[PDB]
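Asker: Chain residues, written in single-letter form:
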Amino acid sequence: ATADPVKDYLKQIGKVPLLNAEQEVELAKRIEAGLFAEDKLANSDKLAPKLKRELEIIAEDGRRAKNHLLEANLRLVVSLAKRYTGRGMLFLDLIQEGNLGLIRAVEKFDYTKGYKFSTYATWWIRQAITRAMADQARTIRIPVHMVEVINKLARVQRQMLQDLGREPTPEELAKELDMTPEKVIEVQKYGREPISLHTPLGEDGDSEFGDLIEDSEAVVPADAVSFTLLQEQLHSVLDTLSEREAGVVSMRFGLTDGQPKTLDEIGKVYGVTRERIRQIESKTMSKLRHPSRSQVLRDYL
Amino acid sequence: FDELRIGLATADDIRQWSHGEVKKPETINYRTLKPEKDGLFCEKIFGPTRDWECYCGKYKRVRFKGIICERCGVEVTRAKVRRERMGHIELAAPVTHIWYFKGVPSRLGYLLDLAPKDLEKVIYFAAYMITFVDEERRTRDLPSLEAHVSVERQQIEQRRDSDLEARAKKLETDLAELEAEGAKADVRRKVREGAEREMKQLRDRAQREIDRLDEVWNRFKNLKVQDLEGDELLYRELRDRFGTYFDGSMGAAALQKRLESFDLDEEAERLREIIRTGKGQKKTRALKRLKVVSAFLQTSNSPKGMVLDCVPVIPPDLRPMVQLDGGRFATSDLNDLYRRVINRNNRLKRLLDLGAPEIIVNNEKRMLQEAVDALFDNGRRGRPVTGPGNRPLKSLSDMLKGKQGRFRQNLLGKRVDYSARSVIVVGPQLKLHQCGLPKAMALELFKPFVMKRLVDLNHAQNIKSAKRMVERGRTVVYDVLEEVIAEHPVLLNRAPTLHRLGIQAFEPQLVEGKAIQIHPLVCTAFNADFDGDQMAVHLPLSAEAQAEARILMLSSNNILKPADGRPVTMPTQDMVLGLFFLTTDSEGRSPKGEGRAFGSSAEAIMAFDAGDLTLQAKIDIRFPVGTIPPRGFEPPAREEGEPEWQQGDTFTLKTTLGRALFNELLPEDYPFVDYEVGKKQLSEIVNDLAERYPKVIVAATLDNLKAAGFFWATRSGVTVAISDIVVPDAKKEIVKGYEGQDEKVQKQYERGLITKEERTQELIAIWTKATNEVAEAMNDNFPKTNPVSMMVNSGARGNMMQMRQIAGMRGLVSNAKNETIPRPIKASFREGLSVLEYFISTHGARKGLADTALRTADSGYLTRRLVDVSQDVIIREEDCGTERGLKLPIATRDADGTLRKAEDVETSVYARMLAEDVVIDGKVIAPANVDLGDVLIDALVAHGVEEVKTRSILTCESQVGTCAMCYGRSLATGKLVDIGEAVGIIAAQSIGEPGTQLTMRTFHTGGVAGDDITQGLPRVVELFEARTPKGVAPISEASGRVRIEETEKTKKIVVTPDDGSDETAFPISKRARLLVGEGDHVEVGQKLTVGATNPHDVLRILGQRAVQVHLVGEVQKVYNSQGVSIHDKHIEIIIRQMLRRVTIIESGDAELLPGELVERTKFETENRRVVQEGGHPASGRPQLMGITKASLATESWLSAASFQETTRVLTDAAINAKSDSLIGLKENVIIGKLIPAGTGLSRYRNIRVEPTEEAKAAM
Ligand SMILES: [Mg+2]
Ligand SMILES: [Zn+2]
Ligand SMILES: [Zn+2]
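Residue numbers (the authors' numbering), protein chains in the order written: chain F, 210 to 510; chain D, 7 to 1265.
One should not assume that every hint holds.
Some chain D residues flagged as far from chain F (calculated, every beta-carbon gap over 10 Å) [stated by the list, open to error]:
#1 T33
#2 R113
#3 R350
#4 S471
#5 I731
#6 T1171
List of simulated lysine-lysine pairs, DSS-like, C-alpha gap at most 30 Å [stated by the list, open to error]:
#7 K216/F to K470/D
#8 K64/D to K291/F
#9 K43/D to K477/F
#10 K470/D to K398/F
#11 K291/F to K127/D
#12 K263/D to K220/F
#13 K29/D to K398/F
#14 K127/D to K407/D
#15 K263/D to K492/F
#16 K263/D to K30/D
Because the hints were derived from the structure by calculation, they are not lab data. Think of the CB as a built atom: it goes at the ideal place given N, C-alpha and C, for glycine as much as any other residue.
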């Protein structure tokens, strides 16, 4: 228990016996022996108890070889983790994700391949590390295909900067990626990272970047009071009109309820025909359009 | 809002708060820019991003609110719900709360009797815990397991004997066969050597396995709960060699199981037993353990809240991932930390799902623990979670702490609408209660009011058109503005706001230009110069607010500064020079027209314009009837054989026309003044006016004085020129004489006849003498008529040493790091310093600048501490219940055959109420309960009394706070303190204001460190924090025989108290520099050696009265050293606050802990309870502690949390489950409710209003 937990993790690896060829092929042999033992145990057919216990013992020995192999290659997986550090993912995190990849690789390895474990594993370790770096490194989750697109265009752009010694033009980049310029701009804008609010704003201690940008959800009290005055003036003007006329226009424009009702929709509670209610709605529109009840409402827009 | 109960939040409560579960770290889709599902920002759990708008495109209108759509599950409502709703994260493996551990043992509390290293090494997965053992089961089957082990050892030895026999046979066989073979000379010896080496190796492995068996067996016998097993292999061997007996675990799960099975009642009982019979630091440890365990026992919440199971997540709106223009983003670090914890929990769940090794899963649980710890407190262990690497990431606790934390930055000090700011210029033509607001600022501040007035007068058709017209800024808008600002107070307020005169209400007034115009009289109240200075303008909005600004905060009702009760609203920079030039004796000019009389002041003025008379010339002047004459003119009168009353009729008087003008500035009823005004006497007369006249007359008189002062300072003709500053002629001669002496000394130093140090000291003394002599010569030389004399004698501005070093030579200047140069500067600023002289002057100038800056910082900190300890002390009772008073010295240093009043009587006894009457000649002189002024003090001194019994807050016996009469009259008003006034804040501000003004430091260390005591503001803050003084001189315990033992190792002072009491041996430094005689009589109160007395001891032996007097006197002399004065009540309130608590001792019957701080009222209450119950009272001794400790140990946890330290106080508040009652001031400023001090009191706010019946009958 100390600071910088990676150091304690490295000590937790400690000293474990590195595996030479015959050692690990024998371990894989007893691994598959335990595999068949548990396969036989899983079968529903009756087996004598002592044989079943022996099979369980061999399976346990295979599991022990499994943990031996895992502890042996923790060193390799931390090597492949440091190979990917410094890309927005904590190093110990990457180590754990590569360890998951190592568990998968150990579950998919056998001596049937005439090669060492260290060559078969590294592919799966890199697979898990790259997948999880794509899926958990950026604040805004980018889909894996978009991750490979962005990193491909980034690396090739770095290359062309190296050859030309100059910033490539967008069209040259587009023809290099073989996609159109619109996709180039899209991915270029999609491959950014957020900037933290709680950062020094520039002075010694004058708050942070999260105390200088305004919000949009705040109700501008001028707007609210103007809208309320508009509501009052509109309601008074409607009250100026006849009761039925004001009512029908109100339902036509939903001044009592947020959902205005169609012409026929009004002609059920009021008992007027769809064309009749249409007609009186038109006369209301004309009446309110007279210069009389228009001087006040004009100024509210 | 009655109580903010706070306590441990169990897992069930966190589940109850949550409206869902967060299962993903997804935040927002990279393309649609909308929250993802069930991750952070999810609408299904937190709320809809847009008002009433769900996610899936289904129900999308305000009408059908309050329903859940079955497609995405978003509950349509206002978006504001996102600011309230909060979720939670379920952890596969529990973790520990970083707060309650990894801290002081007051919050951790030793709930489990394990050292911090044990916890640090177990909850971070480096060792095991034996959560529970079936020790009874292990003991029951002891013979069987013992016999089994015996058989195991027996067969081990049998097999070992067989192996030894085989080894011997092998050795003999190989030796025999090789000697028979005879391949070489000595084959048998070599093979036998190999055989014995093999035997030795086999013996080595035999003893190794024997040792392992023995160690595992004795660890079997060494089983007990909460036993730590650091070695993992050893723990595994434990598990294999025996199971179903000891149960073990690792990490937070072990702690959870232990706390679940913990029996805190038995621990409390056993710890009480230990405390009953215990010694040493073990007693203190058991005391802390009892405190925490009993705090948990009394409270209903279970201890298992230590180990959280579900982590709440902040509502998304409070950690915004707000969109930014440009395609970029803004993210708060809590998003990163929550992503980290969610990711690690997901990985842990996946690792648990599949059969995984113990190493990987344990390291994963540790990673989860680290992530949660970083979430709550990032940087509390090792390196912080730097995130981007440029800066540590913010964490939850970090937002709740520090200068930038919520408590001090967004709850006590908030930004405010309806305000403005601008540079300030001087406006003389204004009246005392007027301030100028430029057109733009006034128009923008009063936008709602200008709109209302524009619509009401039909200048604008409707409200929106009114907005458009004001934005346009047409003339009618300005006319309406001029109509609307009047009769509406505006509070002008400067940034430092050192004391309550910082915020002052004024009548606004439109004015062209772009800067606030202000009245020069009030500028010195703000300490607001016109070099360049911006002052904020705030607008009272409500009717109550503007009423307050009308009555309370008005610029004309705050003549008197609350610090000591003296005028502060008559500055002196320019006006006082005018008045001084006006009321001046002869010789200011050629006094032409002197020796004549004028029929009235009008004819005198006419003569003055004629030029025959000069303003400064003695003449006889008449006065019309009603002119009250000089106070000393009353006994004299005119000569007649009939009764005459010149106190209020015509009287000629030998004075000057100037004095006539000055007096006719003052009101008619004010007695004539015939003496030069200067600055002191002007303050005197202003105070007299403020005392005996109404406020309006005071303001009008001040305005007349201002106008005349400016006019006559203009006419005064004060200037500065090359010939104005005339260097004294004698200077050169005297200095060269000194130089001769000096060089003579140098000559006799060249021969080695004098040491360099002696030469330096004597030269320093020589030049100090020289500069004193030249200062006196210059003082004699300069006439009284020159401008600098006029503006330094009058008290306008300047100081005599400034003229000394403008005209005479500067003198000795401090060398860097507080040394004195040997060669002082011999040229004054008129002649122009030399190059090295200028350099060595800068050496001191820059040091002065840096010292000034550091002192203002420390003064601000001291002011904050004083205000924060001094709150809660409001006047909440009209009259005390008691009669006890405080003895004060009314008159001291009484010369032979006469009585002389105390030199510093004002700050001590003025503005205090006599507890009881005084009779000296059998007749009552000063009636009880009357504040003291000049007349009564003079009468009592004349009658010859030597001391007085003045009532004061220290003896105040009030069931609720302190009564008004004990505090006596306020000082900013000159009347009895009204009920409910905030005495604590005024006292703290008055204490803190001259902190920047002190700026006093030891001139030179003198080559000795630790001798001279701390000087200046450090001394003040030392006195106020109960710090042991740097130079501490122990105090005599009692009377007896004192003597010195001068041991070679170190000096020592041994005193045997008289009456056979126990001898007491006090240590001392080798350079004691003591003064008490050896083997001599000593008294109780004297101080053994030179130094600064320790307040704790003075309280311990002498008494609380002694320590109160000592602190008051010490801090008062520290302030007076510079020259500032404050009244003693300000100090006394703080002092009573520091002494409030008592340390309990012999806590037998009282049943609580011994040796901890307890409030005085609580002590008296519990003593009354126990004595009523029949049990003898538990003892207590008064204890003095600093303001900081007193403030932290307060009943309102919210107020303390708003103080400097947040995490610890909050932690113990939670563990104690203490509800913060809302009585007091700061916490009621947090909540936004009304402070219970002044207009917020119940008795003032409950009144109802209705006119009389006759008012309605009239109309
Ligand atoms: Mg200034
Ligand atoms: Zn929906
Ligand atoms: Zn009292």
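Asker: If a hint holds in the structure, say so; if it does not, say that too.
Answerer: Status of each hint after checking the structure:
1. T33: Given that some Cβ of chain F is not farther than 10 Å from that of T33/D, nearest at about 6 Å, it is violated.
2. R113: holds, 20 Å
3. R350: violated, 8 Å
4. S471: violated, 5 Å
5. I731: It holds; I731/D is separated from chain F by about 43 Å at its closest Cβ, greater than 10 Å.
6. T1171: With a cut-off of 10 Å, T1171/D remains clear of chain F, as the shortest Cβ separation is near 46 Å.
7. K216/F to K470/D: The hint is violated at about 68 Å.
8. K64/D to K291/F: Violated - the C-alpha atoms of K291/F and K64/D are around 48 Å apart, more than 30 Å.
9. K43/D to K477/F: violated, 42 Å
10. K470/D to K398/F: Roughly 41 Å separates the two Cα atoms, so the pair is violated.
11. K291/F to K127/D: holds, 27 Å
12. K263/D to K220/F: OK: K263/D and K220/F at ~28 Å, within 30 Å.
13. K29/D to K398/F: holds, 28 Å
14. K127/D to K407/D: Holds. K127/D to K407/D sits at ~28 Å (cutoff 30 Å).
15. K263/D to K492/F: Given that 30 Å is the threshold and the Cα spacing comes to 80 Å, the pair is violated.
16. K263/D to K30/D: holds, 29 Å
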